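We begin with a single chain expressed as structure tokens, specifically the form deposited in one PDB entry.
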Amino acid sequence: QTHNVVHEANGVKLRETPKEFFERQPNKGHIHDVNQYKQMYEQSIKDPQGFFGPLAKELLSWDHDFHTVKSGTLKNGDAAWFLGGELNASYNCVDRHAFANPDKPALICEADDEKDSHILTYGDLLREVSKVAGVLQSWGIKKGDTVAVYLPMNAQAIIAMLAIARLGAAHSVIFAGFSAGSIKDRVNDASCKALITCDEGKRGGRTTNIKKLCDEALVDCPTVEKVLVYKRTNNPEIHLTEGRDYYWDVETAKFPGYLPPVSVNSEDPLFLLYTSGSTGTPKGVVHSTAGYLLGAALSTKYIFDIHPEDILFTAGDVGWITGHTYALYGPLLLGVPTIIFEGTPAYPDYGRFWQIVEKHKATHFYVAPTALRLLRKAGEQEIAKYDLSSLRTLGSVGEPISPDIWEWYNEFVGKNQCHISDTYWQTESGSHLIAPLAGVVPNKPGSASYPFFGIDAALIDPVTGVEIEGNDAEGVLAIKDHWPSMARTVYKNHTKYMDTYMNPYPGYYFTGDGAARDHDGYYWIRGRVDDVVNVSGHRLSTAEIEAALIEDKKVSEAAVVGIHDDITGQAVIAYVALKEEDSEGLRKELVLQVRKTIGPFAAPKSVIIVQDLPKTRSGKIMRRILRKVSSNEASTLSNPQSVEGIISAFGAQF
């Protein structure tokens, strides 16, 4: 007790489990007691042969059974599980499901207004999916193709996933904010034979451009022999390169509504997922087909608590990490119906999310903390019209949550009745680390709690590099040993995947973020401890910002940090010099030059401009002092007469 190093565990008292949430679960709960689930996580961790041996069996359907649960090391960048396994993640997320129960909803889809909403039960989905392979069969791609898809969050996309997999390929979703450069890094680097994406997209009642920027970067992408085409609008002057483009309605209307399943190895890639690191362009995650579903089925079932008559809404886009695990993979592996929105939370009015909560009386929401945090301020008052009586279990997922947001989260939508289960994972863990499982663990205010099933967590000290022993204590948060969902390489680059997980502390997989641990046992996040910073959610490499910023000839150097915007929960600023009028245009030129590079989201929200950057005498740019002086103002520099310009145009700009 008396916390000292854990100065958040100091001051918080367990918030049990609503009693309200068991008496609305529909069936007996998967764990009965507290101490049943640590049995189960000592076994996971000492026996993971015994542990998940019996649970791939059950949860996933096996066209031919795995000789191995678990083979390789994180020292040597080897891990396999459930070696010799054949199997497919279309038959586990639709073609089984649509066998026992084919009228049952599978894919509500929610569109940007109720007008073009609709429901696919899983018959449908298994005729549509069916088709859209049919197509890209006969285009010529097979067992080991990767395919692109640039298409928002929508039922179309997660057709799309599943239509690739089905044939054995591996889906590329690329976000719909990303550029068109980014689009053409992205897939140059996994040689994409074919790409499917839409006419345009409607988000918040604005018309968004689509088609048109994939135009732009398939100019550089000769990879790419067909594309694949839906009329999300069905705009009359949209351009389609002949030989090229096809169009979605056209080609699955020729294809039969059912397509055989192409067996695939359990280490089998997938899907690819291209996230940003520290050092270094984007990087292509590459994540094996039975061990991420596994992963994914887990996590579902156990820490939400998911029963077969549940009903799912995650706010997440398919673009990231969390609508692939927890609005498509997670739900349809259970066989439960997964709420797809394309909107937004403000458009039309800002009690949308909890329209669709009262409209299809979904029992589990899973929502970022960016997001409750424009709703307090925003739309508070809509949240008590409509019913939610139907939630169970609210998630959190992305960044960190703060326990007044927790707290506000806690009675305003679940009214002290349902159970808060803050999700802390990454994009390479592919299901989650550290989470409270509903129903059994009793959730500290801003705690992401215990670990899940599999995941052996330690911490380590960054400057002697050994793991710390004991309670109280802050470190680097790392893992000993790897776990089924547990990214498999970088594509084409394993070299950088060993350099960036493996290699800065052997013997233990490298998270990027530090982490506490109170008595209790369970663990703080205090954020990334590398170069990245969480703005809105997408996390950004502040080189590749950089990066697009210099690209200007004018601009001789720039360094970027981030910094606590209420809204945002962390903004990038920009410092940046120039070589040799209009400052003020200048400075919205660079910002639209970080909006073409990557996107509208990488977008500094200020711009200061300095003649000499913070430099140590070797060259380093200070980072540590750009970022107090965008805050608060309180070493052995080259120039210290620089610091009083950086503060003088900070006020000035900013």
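Numbering follows the first chain given and starts at 1. Only the largest set of C-alpha atoms that superpose within 1.5 Å between the two forms is called the rigid core. What changes on going to the form deposited in another entry:
Just one residue from the list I45, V69, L55, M622 crosses the 2 Å line for C-alpha shift between the two forms on a rigid core fit, and it is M622.
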Contents of the next structure:
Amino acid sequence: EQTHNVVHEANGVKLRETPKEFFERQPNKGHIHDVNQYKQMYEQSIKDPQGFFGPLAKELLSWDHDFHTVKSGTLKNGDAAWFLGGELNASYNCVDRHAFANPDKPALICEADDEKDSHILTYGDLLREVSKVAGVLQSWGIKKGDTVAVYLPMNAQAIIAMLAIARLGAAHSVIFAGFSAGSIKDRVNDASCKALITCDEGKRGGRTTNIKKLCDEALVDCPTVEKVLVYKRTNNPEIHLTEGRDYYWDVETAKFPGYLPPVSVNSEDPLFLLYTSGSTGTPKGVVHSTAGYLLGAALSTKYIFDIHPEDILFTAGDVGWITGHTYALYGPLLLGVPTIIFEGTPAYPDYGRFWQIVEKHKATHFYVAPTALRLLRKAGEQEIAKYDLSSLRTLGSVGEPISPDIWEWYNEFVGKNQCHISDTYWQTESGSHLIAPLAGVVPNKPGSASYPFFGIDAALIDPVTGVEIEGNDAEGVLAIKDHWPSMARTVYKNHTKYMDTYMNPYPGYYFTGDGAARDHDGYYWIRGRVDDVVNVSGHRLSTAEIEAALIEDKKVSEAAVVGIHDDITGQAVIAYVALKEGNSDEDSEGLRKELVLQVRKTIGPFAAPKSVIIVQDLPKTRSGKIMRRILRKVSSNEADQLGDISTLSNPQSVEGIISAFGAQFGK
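Same protein, different state: after the form deposited in one PDB entry, show the form deposited in another entry.
Chain only, nothing else included.
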């Protein structure tokens, strides 16, 4: 039909064909001829993964040992594997092979917080630095099967460190540089990292950040860390190094030669751990394989973004998140193109920084978070007209609900109505894109991620019956019907948590945690999390971890944290706190600031609640457990719709929550 009774988003939405200028700027014949070819290849990727992914793995990856079996295992048994028997090395495929072919080709276009510190590393340069750092790590005893923590800003050293660790067959664990000391401690200890790579201080938005200081604080409780390599980012002499543990990047790398042989690893040996927050309270180390993850990165970077050897990719993200892993580092470097590594913020020295960088380097592909787009539309629209952005042809949206208005704003003010937009849906555990419009191929519906990608057999499941929904104009739980090459393989030393989270809720399926709708054309519309996970400014947060942080403050007796819509950050965190012996509304403002600072120092500045609400007690059930549902409805001004609260043990509390929120949220 033409009308939708379920997928209201899709009603009256005209398809948006790729503008003709995209093809004028495309340097070669596209990788896919048209949408009909896409659908034929997609069906083969589902019906015959062996015949589809086999040849692509042999085209796009360089193997030290051939694989004998494309695909093994099932979701239900949590034993997925790809390219069994194969051996390869990630740093060889991202660096060496390109350096041998064209050593002077740019690899890392590094834009520092202050442009005067910007520089460019060629693939040849990259090979020498990666070899030297791997040389240091090898002399420290790092070997295949070890884990190594990285705590670095988004710059050349973070990329070099990751590739040097992979060069030895060890697994890197990158810890976002905005994390607090406690967050560093939790991740380092779960992985039992033998070494850490960090720097003395950072520069962000003109400010100096305390990086090494936080490591020292965390490391007093990290007994497995034997050595730390410290890069002189500011060269501040007041930054202390602990004798016998900490060593300088420049001093140690000067001891080793600019070539070190890469270590062959099996396709299914771990490439990295990436700690993620869930509905648990403790971070879980998501583990990615080597071959399957790398194939997914190359495949999605090539086909969804339409990347060619002549192109230049600017992923405005951070390696602390999966976005930087896959689309700032592995994807582009696998394909041998330059990637722009941006250390600063979109606002410094002014709101034109993104566009100055695109123009400076003639970037052809730009990949950004809707959170930044909303900020730039609000505060920096007047900066765009100052820059020539005609080198661009593909505009990606990293992964957040994008409204049709922002889609149109992005399309008009950045793309001049001449670029293709790729709203990519995916998650840390998918490794690479799951649903996205292929640049130059798939027509767009603004706000829809469009079609599932190669190897992704998406489905909607009825939340009442657990049964897969046939046909279109449907909505339900978003699930995937078979595993795919870049799917996460386990949670580090906690495979049971992995099973309970992803494979057991809907047996036979992978559970994304999202709800979605599928319209009459088969386009998917993401409707957001069904599992109460909260994403603030593109960053996935654990409400339970924030509650635990607030409870550490001994003035607090109970804490409940929920998420709500926010026009800036997508979602915001609202914290409800009951104090032990408080009162004094003159101390309210002050005690609220103290609790926010508590979360800032325990988790990190980016997990701080938007607002802390002081209440006399929280709503609970007969069993005594907190009813967050009530807090959610109140915090979104849906006080009506609470319904029958006679089932609570303390219904009288609800009145207090409605009034406290209406009094305190503003102020």
